[PDB]
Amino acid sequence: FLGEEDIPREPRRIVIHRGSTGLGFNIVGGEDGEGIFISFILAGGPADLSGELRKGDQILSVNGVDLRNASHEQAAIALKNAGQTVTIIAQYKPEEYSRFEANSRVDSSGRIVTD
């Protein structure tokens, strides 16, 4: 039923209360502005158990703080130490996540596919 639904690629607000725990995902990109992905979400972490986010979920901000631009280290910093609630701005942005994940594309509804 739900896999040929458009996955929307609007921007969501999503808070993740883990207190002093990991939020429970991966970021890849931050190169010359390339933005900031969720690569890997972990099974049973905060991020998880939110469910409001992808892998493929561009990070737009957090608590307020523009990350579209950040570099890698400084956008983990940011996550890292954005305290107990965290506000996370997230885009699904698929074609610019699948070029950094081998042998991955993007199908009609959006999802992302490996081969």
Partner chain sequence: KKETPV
The other form holds:
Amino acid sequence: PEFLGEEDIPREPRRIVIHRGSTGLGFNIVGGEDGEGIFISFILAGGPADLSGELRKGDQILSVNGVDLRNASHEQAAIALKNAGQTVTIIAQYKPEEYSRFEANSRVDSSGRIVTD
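Next, give the form deposited without its partner chain, keeping in mind that what was shown is the form deposited with its partner chain bound.
We keep it simple here and write out only the one chain, dropping partners and molecules.
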């Protein structure tokens, strides 16, 4: 029995293309205060982000269509994503410890997964 859970989630940056289609992009973000960063907090089942299969809760969004968002405000990230067109190219990086600061009663387990009590 070879569980995925027991193997580390890659920590290096990745490139993900989402296809907006006829809905939103299917995820929510938190953060954006004073350069703390923009993090994915929720991925909607069946939505474009989910259909991509390459994003997760705890990913920081480093850029949208080449536009740097590491230090962007929440409103700025939202605007950029809204305007990024049909084909949205995201650079993302999994940062669960940093993400876990934002979600109440959450922490990172020894496998690097985000847990919430």
